[PDB]
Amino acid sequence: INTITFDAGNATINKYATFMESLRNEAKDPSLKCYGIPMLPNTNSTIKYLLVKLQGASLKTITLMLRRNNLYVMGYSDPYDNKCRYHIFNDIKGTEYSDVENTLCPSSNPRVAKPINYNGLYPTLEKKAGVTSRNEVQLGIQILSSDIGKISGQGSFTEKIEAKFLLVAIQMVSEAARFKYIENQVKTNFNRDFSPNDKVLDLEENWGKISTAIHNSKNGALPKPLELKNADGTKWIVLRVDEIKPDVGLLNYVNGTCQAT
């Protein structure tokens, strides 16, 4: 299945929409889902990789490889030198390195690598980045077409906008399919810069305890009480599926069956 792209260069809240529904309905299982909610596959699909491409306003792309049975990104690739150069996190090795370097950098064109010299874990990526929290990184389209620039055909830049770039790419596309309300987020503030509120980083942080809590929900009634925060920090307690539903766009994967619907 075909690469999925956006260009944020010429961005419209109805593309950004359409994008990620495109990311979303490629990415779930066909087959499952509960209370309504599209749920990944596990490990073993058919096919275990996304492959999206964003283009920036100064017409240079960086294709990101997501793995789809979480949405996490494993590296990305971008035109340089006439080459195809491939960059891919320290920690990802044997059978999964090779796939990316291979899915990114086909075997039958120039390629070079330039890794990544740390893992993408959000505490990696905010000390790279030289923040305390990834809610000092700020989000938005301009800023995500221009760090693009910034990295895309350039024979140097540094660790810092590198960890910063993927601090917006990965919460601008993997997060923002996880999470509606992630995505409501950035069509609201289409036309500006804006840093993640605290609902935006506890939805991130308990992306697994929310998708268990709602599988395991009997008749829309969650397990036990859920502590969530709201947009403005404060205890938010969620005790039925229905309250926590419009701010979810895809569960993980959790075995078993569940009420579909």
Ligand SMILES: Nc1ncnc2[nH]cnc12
Second form
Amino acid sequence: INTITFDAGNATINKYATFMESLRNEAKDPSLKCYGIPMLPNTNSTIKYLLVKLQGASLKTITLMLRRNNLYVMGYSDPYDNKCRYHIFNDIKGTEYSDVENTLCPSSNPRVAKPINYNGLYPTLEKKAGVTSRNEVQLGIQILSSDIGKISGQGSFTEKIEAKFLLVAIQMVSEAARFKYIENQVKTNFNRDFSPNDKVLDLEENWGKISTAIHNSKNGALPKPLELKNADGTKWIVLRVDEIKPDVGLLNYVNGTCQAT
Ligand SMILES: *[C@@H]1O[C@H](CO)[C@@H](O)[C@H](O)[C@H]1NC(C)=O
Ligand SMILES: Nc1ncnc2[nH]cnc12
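Could you please show the structure of the form deposited with ligand ADE bound, as a counterpart to the form deposited without ligand ADE just displayed?
Below is the entire complex, every chain and molecule, led by the chain shown above.
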């Protein structure tokens, strides 16, 4: 399928909202769904990967590659020195590595590797970015755009601006597609840089747990209380699907049948 493109350089709320629904519809399994929330396919889908190309105000682009099963960013490419430069995490190896390498930069055209010499987990990217927690890294449409410019087409760049770019892009593409609440935090703060609040980090952290709970609900009631966090960090106890459903855009794959609507 189509590369999903988003222009951060000339963005509006409505263009970002279109981007998110295009991403959720290409990513979802067409028939899996629980309580009306679409689910991701499992690892034997016909299409296993999705490509997302981001463009900044400088008009330079970066293309992210995502595993469709769980929306994980595996690596990215940029136009560099008349070549396709592919950047892959140090733990993507074998079959995956070269479906990534060869889908980001076709073997029939000039290309070059520039490894990401660390993995894609949040503790690793926070360490590389120089912060204690990723709430110290600001998100926003201008920051994503300036960050594309600092990497795309550049010979040299630091591991600190690369890992800040990836914390920003993972949350504004993958976490925003998974959670309607994070998509709504970006649209609210559309014209300013903002820091992710406590409910944003708590949802990011409990995606798998939320999906399993919704899938296992009987007549709209969660198997057991789900303890999450409000925007100010206070405890939030969730007992029913309709309480949490406003914040969720996609379920992580969970095997078996569930109430579809
Ligand atoms: C997945 O669910 C199906 C349908 O209930 C079941 O037959 C199968 O054993 C499950 N697979 C695993 C690994 O649990
Ligand atoms: N590489 C990544 N892609 C998507 N979501 C993530 N959350 C943690 N790391 C991530």
